[PDB]
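Next come the chains, spelled out residue by residue.
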Amino acid sequence: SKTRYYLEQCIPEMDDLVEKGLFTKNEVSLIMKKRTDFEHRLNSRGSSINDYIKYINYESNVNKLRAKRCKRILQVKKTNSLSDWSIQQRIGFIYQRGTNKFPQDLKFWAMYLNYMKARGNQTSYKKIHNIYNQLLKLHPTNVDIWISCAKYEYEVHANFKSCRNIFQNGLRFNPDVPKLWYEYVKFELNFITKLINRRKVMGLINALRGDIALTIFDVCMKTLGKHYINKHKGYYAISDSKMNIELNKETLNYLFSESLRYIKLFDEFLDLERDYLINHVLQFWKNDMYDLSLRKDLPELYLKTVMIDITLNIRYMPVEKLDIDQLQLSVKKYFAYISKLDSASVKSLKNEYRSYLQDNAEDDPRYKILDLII
Amino acid sequence: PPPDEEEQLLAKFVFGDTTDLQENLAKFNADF
Amino acid sequence: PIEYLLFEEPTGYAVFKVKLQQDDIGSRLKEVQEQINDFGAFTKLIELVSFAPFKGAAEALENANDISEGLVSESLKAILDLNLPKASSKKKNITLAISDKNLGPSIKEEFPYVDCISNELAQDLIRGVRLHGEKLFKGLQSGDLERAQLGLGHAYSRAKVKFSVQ
Amino acid sequence: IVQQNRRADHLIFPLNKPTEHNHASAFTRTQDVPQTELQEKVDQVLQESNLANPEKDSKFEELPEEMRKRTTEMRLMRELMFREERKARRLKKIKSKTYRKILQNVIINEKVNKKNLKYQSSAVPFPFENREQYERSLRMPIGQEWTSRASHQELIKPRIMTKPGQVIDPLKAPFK
Amino acid sequence: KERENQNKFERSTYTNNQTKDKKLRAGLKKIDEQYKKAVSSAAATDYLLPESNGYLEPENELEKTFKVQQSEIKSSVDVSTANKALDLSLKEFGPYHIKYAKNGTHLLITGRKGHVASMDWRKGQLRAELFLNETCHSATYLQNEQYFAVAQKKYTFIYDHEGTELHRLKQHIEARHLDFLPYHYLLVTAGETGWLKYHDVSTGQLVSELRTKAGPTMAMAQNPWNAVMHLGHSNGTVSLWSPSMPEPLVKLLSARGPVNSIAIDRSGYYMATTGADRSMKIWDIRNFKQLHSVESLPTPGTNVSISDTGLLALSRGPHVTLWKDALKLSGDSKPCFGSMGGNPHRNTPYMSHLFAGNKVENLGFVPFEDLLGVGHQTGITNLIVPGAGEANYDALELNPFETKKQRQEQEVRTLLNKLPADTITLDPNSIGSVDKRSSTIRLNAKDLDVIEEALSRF
RNA sequence: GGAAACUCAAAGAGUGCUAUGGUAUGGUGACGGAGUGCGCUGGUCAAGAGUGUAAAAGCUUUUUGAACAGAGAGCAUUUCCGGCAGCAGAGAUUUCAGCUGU
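Protein chains in written order, with this note's numbering: chain Y, 1 to 374; chain A, 375 to 406; chain H, 407 to 572; chain S, 573 to 748; chain E, 749 to 1206.
Certain hints may be false.
To be verified - List of simulated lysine to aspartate or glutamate pairs, EDC-like, C-alpha gap at most 20 Å: (1) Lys425/H x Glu592/S; (2) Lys815/E x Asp1073/E; (3) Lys2/Y x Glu1145/E; (4) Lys687/S x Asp780/E; (5) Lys777/E x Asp629/S; (6) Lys785/E x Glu627/S; (7) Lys770/E x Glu620/S; (8) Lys186/Y x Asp629/S; (9) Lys901/E x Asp868/E; (10) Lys194/Y x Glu592/S; (11) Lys231/Y x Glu480/H; (12) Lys194/Y x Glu633/S; (13) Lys200/Y x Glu704/S; (14) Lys690/S x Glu1145/E; (15) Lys498/H x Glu480/H; (16) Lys683/S x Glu995/E; (17) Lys686/S x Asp1073/E; (18) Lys222/Y x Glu480/H; (19) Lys589/S x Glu409/H; (20) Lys768/E x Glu717/S; (21) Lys687/S x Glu995/E; (22) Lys784/E x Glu645/S; (23) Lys687/S x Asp1175/E; (24) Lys200/Y x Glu627/S; (25) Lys665/S x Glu645/S; (26) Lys667/S x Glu657/S.
FYI, nobody ran anything at the bench for these hints, they're computed from the structure.
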């Protein structure tokens, strides 16, 4: 039997752990009968990931007791013998066995990754790379594993090339969830922000732009639109032109709501050229979307983008020097909108007035602003 | 080599010690 | 050497890694022919390394038509590029076992370092994983495979015949 | 090499080492040409403005009172430096510190046991020279009941271990 | 690598009362390395041993151990062991010869009158209660609870699990002692005739008939080590027998008078024989020395038994008396009955009990538990003897928790590896060797009157 | 013959269950981690060589070199760490991350 093999693999560490005079024979027999129970429950039939988890918790508890007893008996913090790594190696092998048997519970896979990362200097980052590789092989569609893999290899190791490779491979696998798109534009903005801040720092002590984020923004719009028109209206295109235009309108609503979220969490990256990097998404949304977002319905979205293009310089604090510089730009925007619109004219006028009043002695310059926007 | 309370707590976990269990079964005396 | 195995199925694509080769010369014998019926010995041959599930019945029907007419789709390209090692194209290609001798040319057109085998050894490896199915996958798919088979068969047939509900 | 193959306890017949190719990783590109539209877009932008980070290696490969006073710019450069930059910084600190420091009661019958002189061998078999050697070979049972599981496996694994379905090639040595 | 308990796991070898071959030299070096590794790793299993042996220890100098009462044990130990300490009061049929299965799961009692009952003594399940109205003498299980052999008025009969008669043996004319050899599948039979008969239970074939030539067989025991039979005669002579040689392998002069009982240790090292001359005698078996001679017992010891942990249970009628560490070489292990003035070098009884009404028929320790089953005139009594059983059995030799499927497959497997009756020798390790003829060196075929001095030439 | 069952046994057939060590964990300080050097993989370019030819082109090449892209799949050895504080930093009172000397 293989429980016999594993149990007698456990004996040299307790040889060493009895020789180093911290445990006695009668208590190490007790930890062996508990470990016998656990090994038999592991490699018998009807096994459970809770059996694996309880074995890992028991082995961590006897490791903590071993460390406590070592500090109290020998008054060293490690005996530099077999019995201080064998038990963590055992926990790692219980994790490997469990993930080979039940490779379906991401709770257990993430407990494996957490213990392997928190093992510290003693583990190897290529050993973490191996279990990231096989986990991403088994779950390519689950996207938080791609985010966690790239987050470990950028926010700990700062490996930009491999992080870009992870994000491009994940976007190859599931180019359908917008969350991976948003985390990729987030990673690219974080990388370019660290690039220009190390430039600023080398200047203060002693070309490559957000156009990467704009290009992945562009392919984000194109492929998310393609995958929504392929996901809905699923089997066939058996739908008349009313249902086809209803579908295409709804995909425009979907994609434009995601770009609204993109600008909403795009504004807080204010260390690069945030005006240019928001204005390029503005000009990428301003063009035609093949179903007349401006010249027909989604006119509310056209008014939303017009309000964004108006306040895109007026994204400011109550110190309104930019307003005193270019509020005539907002007035010309309201005039150019009300020169064409019918109820969106009154809506945009009242909305820009309410927005400027809410956002903006100090009340006397604000009395000038109220007389301006009255 | 003194004892320790945290050491004896997780030692009672690791060695599977029902000594406090039998102490509580003998102690609780149906007090309510 | 039959190193990897590609099993297409309605829930997605599976790449298996061949652990032990079956016998080539004794491949018609009684014990070799019924070891693929016994599951306790088939799991000595085949191990699952990857399973990319589909995005839904739309991508399922797209990949069913591409597998039917012998083309490599984009999800196939993704899973094969994730799983198969970057071997050489001139010396010792990596060996993938398929079940479709006219899908093989489409796989070498995309990955020149992959030689594809569909002869009787790859055929009975493939029908071993077809015979066991849900047991090899260790619990990692959504959806019952026969329920997805009913949906995909009806969708494939109505597509092939142009069934209009008008 | 013929002698060490004759003296080796176990021959694992994938003996010529198979040329292991680089593994199919999820940390890199397994084709090294842009494979998606995203990838070719990112690489044409990145070749308009390349990021091989030789500039970003030489930028952070520059940075007593440097030890005590600079406790803020040190943390700033620690957060700033990239992967190979931090590897070179660790190597520079290691080389700098290593350059800084160093009537009788028993009657046994002695008749011959003609029924079980067929359970003992007739003479001493070939490779041994005496029965002390030969019975020292037989003195330990290899059974499951008498050894541990690991010792049982070490005692019963055979010398020639082949793989069951692949070709065995002739041996090749490092330049004969 | 050192392993303080290796010499239990060591293995003796042949000695003459180094080599020039390179290949043979390295082969022998690998063999010695493998033997050392195997002994060390096999001896490291004592960590993995689950349970601990039982005991009872005095903790005072006023508290002797032989004056500890069975009710006091049953109060001091747990409810499962207290319920194992059974007592059946079967008054009307005769004194009950007791027998346990080789794992302690089944009990087989025989009344002297006719009452034979095979039962699961630890559940409440009997599976044969048959009243064979002629005087039965003894019984034993064969390889299971599924078959048992009973020695009746004359003929030995063999019954199945539920008690139907399978066989009436026309040989085995008057048995009084039956014992099964489980690795060899042999039912061994001796009694009022001076004959010893080995009968193969599997094939069905009478393997051996041997003239004891010493009258009726007074006692009989089996060496569990090497399966030779120690029979005790009316000469005071024990003789060790094998089914190959028609003469006894050894004849020992144990006692004066007859030999009332024989017991052998399970290690095959010590043998306790009680004679009718009020003499217990502890014998070395391997070297045939006489270790101890406890003469002048107060009344002749009618039974002896040896537990798996080496206790010695002697029974002298109403009394049962157990000694601990009595089967040892030193003279301080001679079993006494009192310590004259508190001598620590006197082996007083480990515990004693008095069956005040009756005279005990036989003794048998329950195999893997801490009990001694004594069968007497009014039935059965188990005694909680705390030092008296192997706490750590091996579950693939013989398992006390074995199921029906495990019984079936273990029956077929032990039937398949049944040892031939010719392999029974005085030492078990003598069937791999070479002859004690046929020279110990192998042979290389290369090795395969001044006038008369003148008159010489004539 | 019949009836009952949370009854006791003796057997037969089928089905279910990852039923998975092709030679068992990454590691008896004999160790691990970091880095370096050797080794290995892929494509590209250049050179060689063959073959072909008016010259070629092309094709072949277990021939070498170059920079590049890497794999974790090998091998050394004293290059450092698994020593101590002082100090700031990190995450949820425990663990984690670098400077000045022992």
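Outcome of the hint check:
no.	hint	result
1	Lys425/H x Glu592/S	16 Å, holds
2	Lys815/E x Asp1073/E	18 Å, holds
3	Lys2/Y x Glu1145/E	18 Å, holds
4	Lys687/S x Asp780/E	32 Å, violated
5	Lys777/E x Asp629/S	59 Å, violated
6	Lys785/E x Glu627/S	60 Å, violated
7	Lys770/E x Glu620/S	72 Å, violated
8	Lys186/Y x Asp629/S	23 Å, violated
9	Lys901/E x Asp868/E	26 Å, violated
10	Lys194/Y x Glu592/S	38 Å, violated
11	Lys231/Y x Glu480/H	16 Å, holds
12	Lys194/Y x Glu633/S	16 Å, holds
13	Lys200/Y x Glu704/S	85 Å, violated
14	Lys690/S x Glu1145/E	27 Å, violated
15	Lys498/H x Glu480/H	26 Å, violated
16	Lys683/S x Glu995/E	9 Å, holds
17	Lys686/S x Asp1073/E	40 Å, violated
18	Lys222/Y x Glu480/H	16 Å, holds
19	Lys589/S x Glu409/H	16 Å, holds
20	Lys768/E x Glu717/S	36 Å, violated
21	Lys687/S x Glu995/E	13 Å, holds
22	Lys784/E x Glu645/S	63 Å, violated
23	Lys687/S x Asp1175/E	15 Å, holds
24	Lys200/Y x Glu627/S	14 Å, holds
25	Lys665/S x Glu645/S	16 Å, holds
26	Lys667/S x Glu657/S	15 Å, holds
Violated hints, in rising order: 4, 5, 6, 7, 8, 9, 10, 13, 14, 15, 17, 20 and 22; the structure is consistent with all others.
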